[PDB]
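Below you'll find only one chain, the form solved without its partner chain, shown as structure tokens.
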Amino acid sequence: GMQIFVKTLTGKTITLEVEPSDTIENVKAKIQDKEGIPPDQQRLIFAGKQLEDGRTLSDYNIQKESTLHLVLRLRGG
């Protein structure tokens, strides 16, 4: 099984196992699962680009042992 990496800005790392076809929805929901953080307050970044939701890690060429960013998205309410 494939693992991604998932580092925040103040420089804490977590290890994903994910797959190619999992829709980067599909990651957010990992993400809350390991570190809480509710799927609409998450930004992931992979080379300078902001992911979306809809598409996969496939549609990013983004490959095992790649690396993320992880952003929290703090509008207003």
Given for the second form:
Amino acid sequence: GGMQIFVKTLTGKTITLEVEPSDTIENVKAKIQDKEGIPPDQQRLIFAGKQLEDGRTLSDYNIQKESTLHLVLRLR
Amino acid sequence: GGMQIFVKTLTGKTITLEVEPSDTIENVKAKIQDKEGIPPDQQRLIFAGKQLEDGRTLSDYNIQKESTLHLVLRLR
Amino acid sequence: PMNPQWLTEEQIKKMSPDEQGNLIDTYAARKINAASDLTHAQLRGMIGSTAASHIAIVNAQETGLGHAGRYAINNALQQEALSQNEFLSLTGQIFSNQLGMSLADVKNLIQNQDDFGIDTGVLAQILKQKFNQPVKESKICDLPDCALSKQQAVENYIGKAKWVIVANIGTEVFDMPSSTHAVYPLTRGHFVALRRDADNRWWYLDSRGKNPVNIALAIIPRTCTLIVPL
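With the form solved without its partner chain already on screen, would you show the form deposited with its partner chain bound?
Let us now look at the entire complex, which starts with that chain.
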């Protein structure tokens, strides 16, 4: 069971996340943290050319199965 | 009155459904849902060695009274 | 309570297994576009040991494959015991020999990744043929004496078995405890496994999760189907 999405960096690295349509962007960043050790404040997620906000869900953004999110880290 | 068919799992469990020849496979899956709590997307129905499609009727498949359909759940 | 948003992690940690399981069966189901009525922190109160364990998620969910039936077996046994090819061969043989499906139609079934999926009967037949391992199965809520105590009804049903496989058949997605940053819910139409260690601690293993998590048996949603090796 379950829905998968992809998260792709500019490095080219791509990872598969296990998600639900009801997942908030907050929980998605937490899943990236679990896999890669990157805290959410160092994550910028982009889909359809827009920066995603933490309180909205994948379904809110029309992110569906096998969609690709773009991850660019926020290093300052 | 009314026509009955059987739905048999690999577990061996067999149930009797109340149907009409005009029933779509969609409505048959809905009847299995009412009895067993299994949503249609978790149902695969097989008759005469073929997976049944939702938009066709029992009569379309030549499913007659006391025919046995095979149910295998789609768990992923 | 009536409103669970006041329960603290500490209160939940002091609860019995049956009290924790009641929170799961009452509040852990996600809504259609939102999480359940239990937070990550609250669910973390249901975790026992966070110490190092030799038990691991041997099989993670692979990209594009609905093969949790295989993953749960391998996680239950803590080995790469069932390969993909044998998983798919044994499955196809069932449709071929028992359901009269042609070779061409069986191959379509195996190869259509989005439409693929098996059930507890296929699982039992795989376990019997490949490993000579009989099983019994039951919904937790149908177990003898479950109404009196979910924890003990499940314990008594499992007996001395070292692993169990769990099928979430139905429409509900359950938030579950996780020893990590994210919530990893038990999604609908999906297999997971649990493995018992030497201290009789049970470790919950979702191929879609990050790490094993030590939870009481009563944490498993009561509508789920338990498969128990005999």
